[PDB]
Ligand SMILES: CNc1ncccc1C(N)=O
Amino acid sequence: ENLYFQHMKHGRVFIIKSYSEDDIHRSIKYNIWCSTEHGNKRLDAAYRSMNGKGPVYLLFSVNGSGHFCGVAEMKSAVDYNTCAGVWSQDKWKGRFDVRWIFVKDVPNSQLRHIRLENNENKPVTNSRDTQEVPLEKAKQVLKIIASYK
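Let's have the structure for this sequence by itself, in the form solved without the ligand.
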């Protein structure tokens, strides 16, 4: 049993869906991420309102890979005017820090059964980018990811 996340009372958790596995390698190497304008705003508002009272975790998955590839914690607000041409999408200017916690592949079949009541009870594995996950469902996800072999 891995119960590190069993008793989280605070926090928010989001799905990250990427069109670029290179963006993810870059994130793991330099501890940075960027979403779409719409995604950045949602993540920024969450991080800022949290005001250090708990974590914002991000659950990463590349579109069409059939698995999650890791989790990271969001570690700064978003900066909207920074060096361009840094991500798969040339025009993206934004940036925020993250600290990667797990990097490992967990097949969707391990997570398929967890459903999101805030997203029409769809499986967590059929989420779009920056879909939010309720804490109690996020705790089940994190345990499975932490413990997967």
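Rigid core: the largest C-alpha set superposing within 1.5 Å between the two forms. Numbering follows the first chain given and starts at 1. First, how it differs from the form solved in complex with the ligand.
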Given for the second form:
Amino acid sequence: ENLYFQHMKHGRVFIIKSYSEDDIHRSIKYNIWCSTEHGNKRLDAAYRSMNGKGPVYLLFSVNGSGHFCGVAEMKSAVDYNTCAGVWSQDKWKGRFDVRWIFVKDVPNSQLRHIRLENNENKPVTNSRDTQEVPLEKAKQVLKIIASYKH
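Hand over the structure of the form solved in complex with the ligand; the form solved without the ligand is what we had up.
One chain, no partners, no other molecules: that is all that follows.
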């Protein structure tokens, strides 16, 4: 409630969209994630180019659910050669560490009035997986999620 996510001077924020809620449950249990091949490459470049100077945040949402389900920070580069078949389907190859910060359902109603100037001014709730969020809009999103209460 303005107590959250001030002093976020640098850093970068991405939307994660999963059509497997089981995969997200596993992320929360073991603090790891895996995206598509092109998604992993985008997150890998953001994390590496940050060179530790700032956080990379991930805003998670289950496709079709109508709500965001929480926030985690990237905590490692992407390892592309890892054990196969750990996710809901075999097509997900690789792994990076994350640290979950919030696990809570925030309805899209609370966020849909934030639009992305880098995505044709579309609402942030209408994003695809690994859509990057401009820093000032991300700060608005993170703060709404942080303070939202049932």
